[PDB]
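**Q** With these hints in hand, go ahead and build the complete structure from the sequences.
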Amino acid sequence: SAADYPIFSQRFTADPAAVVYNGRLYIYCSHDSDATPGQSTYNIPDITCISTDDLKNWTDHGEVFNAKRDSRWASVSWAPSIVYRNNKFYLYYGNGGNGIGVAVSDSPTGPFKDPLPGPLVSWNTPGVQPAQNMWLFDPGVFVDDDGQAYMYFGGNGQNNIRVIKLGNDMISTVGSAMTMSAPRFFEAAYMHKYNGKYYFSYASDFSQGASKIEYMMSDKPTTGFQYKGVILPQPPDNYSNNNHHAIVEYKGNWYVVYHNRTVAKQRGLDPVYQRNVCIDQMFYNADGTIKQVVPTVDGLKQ
Amino acid sequence: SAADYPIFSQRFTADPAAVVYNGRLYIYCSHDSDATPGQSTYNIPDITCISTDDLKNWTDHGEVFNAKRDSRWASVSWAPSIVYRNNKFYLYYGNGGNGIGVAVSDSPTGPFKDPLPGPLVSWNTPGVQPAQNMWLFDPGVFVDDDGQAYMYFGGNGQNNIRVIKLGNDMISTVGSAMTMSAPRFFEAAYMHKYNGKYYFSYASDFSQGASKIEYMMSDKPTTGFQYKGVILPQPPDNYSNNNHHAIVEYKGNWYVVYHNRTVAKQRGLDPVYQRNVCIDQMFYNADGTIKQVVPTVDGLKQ
Amino acid sequence: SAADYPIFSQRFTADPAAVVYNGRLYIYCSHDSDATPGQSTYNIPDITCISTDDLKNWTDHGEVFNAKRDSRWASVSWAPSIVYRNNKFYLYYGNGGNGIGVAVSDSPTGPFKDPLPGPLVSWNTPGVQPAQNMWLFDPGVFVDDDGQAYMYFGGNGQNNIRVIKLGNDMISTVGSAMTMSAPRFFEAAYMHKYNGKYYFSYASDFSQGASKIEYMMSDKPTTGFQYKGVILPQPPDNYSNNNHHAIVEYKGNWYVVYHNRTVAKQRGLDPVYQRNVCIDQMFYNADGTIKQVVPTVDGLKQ
Amino acid sequence: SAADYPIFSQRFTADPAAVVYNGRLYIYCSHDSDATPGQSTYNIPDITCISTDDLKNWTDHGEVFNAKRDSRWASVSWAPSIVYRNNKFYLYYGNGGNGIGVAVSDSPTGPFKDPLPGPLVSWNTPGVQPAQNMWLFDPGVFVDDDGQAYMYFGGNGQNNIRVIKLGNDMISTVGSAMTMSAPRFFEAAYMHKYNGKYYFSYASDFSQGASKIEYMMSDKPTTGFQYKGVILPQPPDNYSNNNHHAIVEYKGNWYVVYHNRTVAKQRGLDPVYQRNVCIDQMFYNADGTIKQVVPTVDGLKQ
Amino acid sequence: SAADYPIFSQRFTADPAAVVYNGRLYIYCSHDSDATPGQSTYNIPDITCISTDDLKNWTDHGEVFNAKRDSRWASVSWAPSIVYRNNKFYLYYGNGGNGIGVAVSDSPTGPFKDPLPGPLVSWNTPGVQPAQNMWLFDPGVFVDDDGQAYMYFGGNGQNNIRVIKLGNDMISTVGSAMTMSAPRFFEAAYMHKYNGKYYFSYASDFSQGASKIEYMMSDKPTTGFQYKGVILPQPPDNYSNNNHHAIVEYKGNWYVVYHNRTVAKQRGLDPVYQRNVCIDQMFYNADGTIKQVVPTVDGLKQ
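Those protein sequences? They're chains W, Z, E, G and C, same order as listed. Take 29 as the starting number for the first sequence in the authors' numbering and just add one per residue. Take 29 as the starting number for the second sequence in the authors' numbering and just add one per residue. Take 29 as the starting number for the third sequence in the authors' numbering and just add one per residue. Take 29 as the starting number for the fourth sequence in the authors' numbering and just add one per residue. Take 29 as the starting number for the fifth sequence in the authors' numbering and just add one per residue.
Because the hints were derived from the structure by calculation, they are not lab data. Treat the hints with care, since some could be wrong.
The list treats identical chains as interchangeable, and a pair is accepted whether it falls inside one copy or across any two copies.
Subject to a maximum C-alpha distance of 30 Å in a straight line, what follows is the list of computed BS3-like cross-link-like pairs (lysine-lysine) [to be verified]: (1) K96 - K225; (2) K116 - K293; (3) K193 - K116; (4) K225 - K116; (5) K84 - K329.
**A** See below:
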């Protein structure tokens, strides 16, 4: 609610997001608390950003948003979503289960400032309720080719997906939230478009094995979806209820970016410095279904 | 018997139990012997208790029962079961395969004292025999809404489950033990009630893969059960023939608590201090079947 | 042959065998070479023996047979098989792929001496040939209730099992070797009898996953076998082409004893001192099929 | 009614009942009239009692209830039913087709006194009517584990079974009688509980061969019954429209007690003195169905 | 156990056994108590023997074994089994449910003396347990053509048959008891061999009509049995839970010998003097199944 914070909390993990701008891939991660190996003075609840132009050398940009300093109403910033529109960057975030915000910058590396007196989306946003034990913290924002922006969100049940239109200013909602359904939906609603088709990807629940990143396809953005399968199984995935992810096109290739300590350990570094954030290249079949995801082992040649 | 002590012994593990009282969740664990990493002076055969009000900060209450000091007849105390009734706490335990006892306290943190001159349940309790190679050490006690208490117990075979009525004083039996059956039943008979239905959960045997925690459902407490499936597979589960568990409601949510060194290692602490005891949140489908168990990653928000 | 020594060699592992005598369980292991962690002066090619009366406290008896000192013809002693008969102990062994020997003692702890001028069984023993790429090193000897002893042996193919009668003196063969077949037979032919039925157990090949210990049943010792299944999968088994095993009754219970570094590591000790040798209790279904194998976690109570 | 007295009359037979108390099995029998072999002064309409502690030596207690002396309203006492509750013995009886009574004693051997001014159950008890040609004389009383007592009664038709709740004082009814059905129901409704299941046993009619003692099972006491079969065929049964019976547990074994001159003749005595009352041991299958009834040929060893 | 003595007791009946020696057929019967028609001084618990050379004239040999005088440990001798081996006679017997003995003589007519300090077979003989409510009193001993003797025994359930090897001295056991199964097995396990096949005959239970003498066939003595049918229905059989029997070849013909008061009454004598012991000639079909049993009406012509 509330009540399910022990399982939905993103406090001890990092949720990633990605955007491409001016030849570079920017990766954003939430941070909250409290890593003390033995022992440690480690913290600072915020969103940070790293970038690259080659997928092997990374520049750390550090903190780009801190809810306490940079919003009027929020104290936490989980589960970023980032969009570039109107010559501006919009960074959506979850205040710890208590509302979804938006922060704005002229730069991909901030500083981002939330201009609103309260959450952009919350429990009393029209169309959210009724819901049975839905969670509100992890937005996925997408701008369609027609100029309509949408925010997908929700958690904890096949029918607990919502999608609401955003105004062109990207800091307002238009109309009521709509409902969607996806088999075993848990968290991490995400939308991208490729070759005329819409891909709703998400973290599945724990009802038939581990949570995985799975997806549906449609020819429309909010209706007509058909489940297609698993993007990323991740043997063995878990730790820590975190399949937050981004799917982005960069220099003509598609990539899935996700956080996974175990997988990152069997691969090498900590992106001087950001996690634990893995990047695999994604391929499509001729029919638009996802063919495969392949681990990256090197950077771009040029 | 006896003969099967090499496989049923709980001597080198911790069996958990749980009760909620006055806003707190209490977790009890058996201890017996003999952990010497390199080397060690480590021991003391007893039951200990920890508690929380938030699932992240734990208070250690230490030893609450020691069979040698606190019973007239027993020397060991494996596999606790704890009930709050009659403004008292009843802590049932296994004397190492040689009888099941009951100890009583006015406090959840003891001291508990077994008032009886011998075991509450033993091999010659009516209805236990005949049995082929049954084990007697791990009771699960449950008080139904009608005021009838039951103790479920048994081990080592599909038909080696017993259930006997307890008197309202919780320190006596009424009538003969009855028999139950469950596919691949090994150990750890346990009963809880939710939404008008009875859930018999248990550790399965090693006949088709590892032992797992599995369950059946019924509309009655001792008959009419139908097998429903696996609660907790635990890849890869084993070490050490220990799927002792509790299923408890706390602050409106359901939790399964179980002991698993491997799983606890891939997660963090030792509950300052108790194990190795993992807590996952449990969810039900509309039909009452268990939907999923999800790892807890944080404590309650308030 | 020869040619397949790189895969059949037992040089860097320990092959176990077991017998019960005068209230104690004796475990024998072959040793050959050459364990140098960093670095090491470690060796001595022989068979050693440990024993217990409780499955938790072990007495080391050390070396009981050394082929170079204790035979006239052999230099190596892999893959022991041990039988007690005629108030004597017979220890069969493989000379490194070059013949099967027998050594005899009045004591379970030796010294064992091979009385023969050459191998008891070899490539030119009648009935062995023809064979396509059969291996000769790992005997399983069994004495039936009628007083007929048999040695089972062979390797590397479904039809590469042989069984020959032994004389009552246990140091001679009678008649020709006979052929047997078992699905995916690799190594480690072994025979035991329980409740009137004969159990041919063996290591399977690598054709459908890892090698496992599998079995067949018959009402006769050398014909009429029907494959029944896997005794021990061992996730993930391998290292090092070694599913040599014994199946023995001790104090009314059945045990499978096998060598597995990985499994032993997830369990504890090194049997002060012998490996890496794991002991699980085995259970049968009413029809005689093997129900399950359960890890031992403790010793006998008395 | 009335009209069917020529076939339902128990005047020339003995109807048995049984209870266990303080280590002894007590058998009660009704007597009415009028046995004159050639000739005889033989009579006295009442209920008598015998007991044993070993099933071979019997003590005669004689008359324990005489309706004319010991009730205010009744003249006959057929078809006893006996229960021990509240440190008292309750003996229910049929006044010859004209109402069902209850008599009470502090002793199993009386004297029993009916305290009521009229029948406990009669034709105008609510829920009895409507009925087509039902007979009211042979109660079977049972106290469930929840403390609810029930009296089963009725006769002469598949749908002519009634069951009414009794108060905890055992001398009053609560609410209306309920209806039950059983294939070919004739007389002698009887209830016992074993291993969580309820057994409705009864005398069947003469529609497909002789009357037999048959039964149904349920998980509830008054609904959900399914016919299971014949308990006691008795080749050839008849003489004299009397399959009144008891089913009782004594010293860990189950027994069916029934009256049958023919069977008793092919067996021996007259229980110094009571009939003609046969005792067979009853066995159950694992599923709770009745496996068999076996003639007793001897008494208990100790 | 114990508990089932009221149904398994052989106290008031005679259990027969038979052997052929030196041209004569010897019939042995147990006696225990207590026949008092009106009245009687009748008794003496023992085994007696009669013989014939023509099946019509019988010689009474009287008592051949009395447990109190002729054993060190037993007080009763039910259910004889007799074998001639090693120029000696071995008479096995049941001590009233408390162990199976063996007594030995140089003569078929005794005196037989049990040389052992305790029972040959008892509850703690290896392989007997576990058993659910098995009875131990009625051995059937058989010596196979290979020189292996076996004792079959058990009671009260389809899976409650045991068979153990005897040493060649016939007064010791070898190895553990093995289990067998037979449909509806009650008592009176018996083995004979004819034309290369093994015939397990037995008394069936009361689950589908009266107990009968039924049988199975195998090509092996302790495994591979297939139920074949009823040997002897005996309309109407019963009185007194006694289908103890022998099947013996005499002068080229096969006979079944059994105790049945009712059948003997419809036939004539009391074998000057032994019962009630009926002798029918048995015939086989070409396939080895039992064709028929025919009442004898006369003796041998020569």
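**Q** Taking the hints in turn, state whether each one holds.
**A** Checked hints:
Neither within a single protomer nor between protomers do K96 and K225 lie at most 30 Å apart by alpha-carbon distance, with minima of 39 Å and 40 Å respectively. Taking CA atoms no more than 30 Å apart as the test, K116 paired with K293 passes in neither setting, with 35 Å inside one copy and 44 Å between copies. Within a single copy, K193 and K116 get their C-alpha atoms as close as 19 Å, and across copies as close as 23 Å, so both meet the 30 Å cut-off. In the homo-oligomer, the alpha carbons of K225 and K116 lie at most 30 Å apart inside one protomer (26 Å), although the nearest pairing across protomers, at 32 Å, exceeds that limit.
Only within a single protomer do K84 and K329 lie at most 30 Å apart by alpha-carbon distance; the minimum there is 10 Å, versus 39 Å between protomers.
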